[PDB]
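A single structure is presented below for examination.
The chains shown are only part of the set, and none of them has been moved.
Each chain carries a letter (A and B) given by its place in the written order, and its residues are counted from 1.
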Amino acid sequence: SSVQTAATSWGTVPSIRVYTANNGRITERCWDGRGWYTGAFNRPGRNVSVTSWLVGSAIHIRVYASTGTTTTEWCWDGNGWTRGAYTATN
Amino acid sequence: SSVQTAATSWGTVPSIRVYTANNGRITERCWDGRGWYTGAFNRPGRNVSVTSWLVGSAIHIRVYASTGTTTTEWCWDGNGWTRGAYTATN
């Protein structure tokens, strides 16, 4: 057991986002070609996965953050992180 | 220790697949723009990773499912999950 990370990237700069679960929280580090900085994403969790896709120039990110009990999807669509509709079962 | 997830996405709808290892099995939840539903993928495992790529409009998915002893590659190529040639060592 260590930290656990997830990564996604887009474009040809590129932009990179690295999510790290450690000590009960998932945080986000960002690269847009100018140096690493801390992103806005911050949620509880012990495990994280991520995927992203471009629509034209606009990035859309989905982070699947899992605590001990619940996987919550968090959505970046250019204007803040929002709770997604994802559920693990119907 | 929690559930562990992996995610992939494709297209501009987009389609998303989220694989979750929990309680000894890896299951799959799917988004094609119309709501989340449970996919056909179901294999034993404690850890999962995934990658996918498009060939034209056709998606190809590779899921790396790891039990306590073995990582098995599972392949989606439009017509069922099949065992892949992946091995961890030669």
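Everything below uses one rule, namely that a contact is a pair of C-beta atoms (placed from the backbone, for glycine too) under 8 Å apart; a residue touches a chain by one contact, two chains touch by 3 or more.
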| item | value |
| --- | --- |
| Overall copies of the shared sequence [whole complex; 2 in view] | 3 |
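Methods note: only the chains that are shown with their structure count from here on.
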| item | value |
| --- | --- |
| Computed distance of Cα centres, chain B from chain A, in Å | 19 |
| Footprint of chain A on chain B - complex, ascending | 1-12, 14, 16, 18, 20, 27, 29, 31, 35-38 |
| Chain A residues touching chain B - in the complex, by the definition given at the top | 1, 45-53, 55, 60, 62, 64, 66-69, 71, 73, 85-90 |
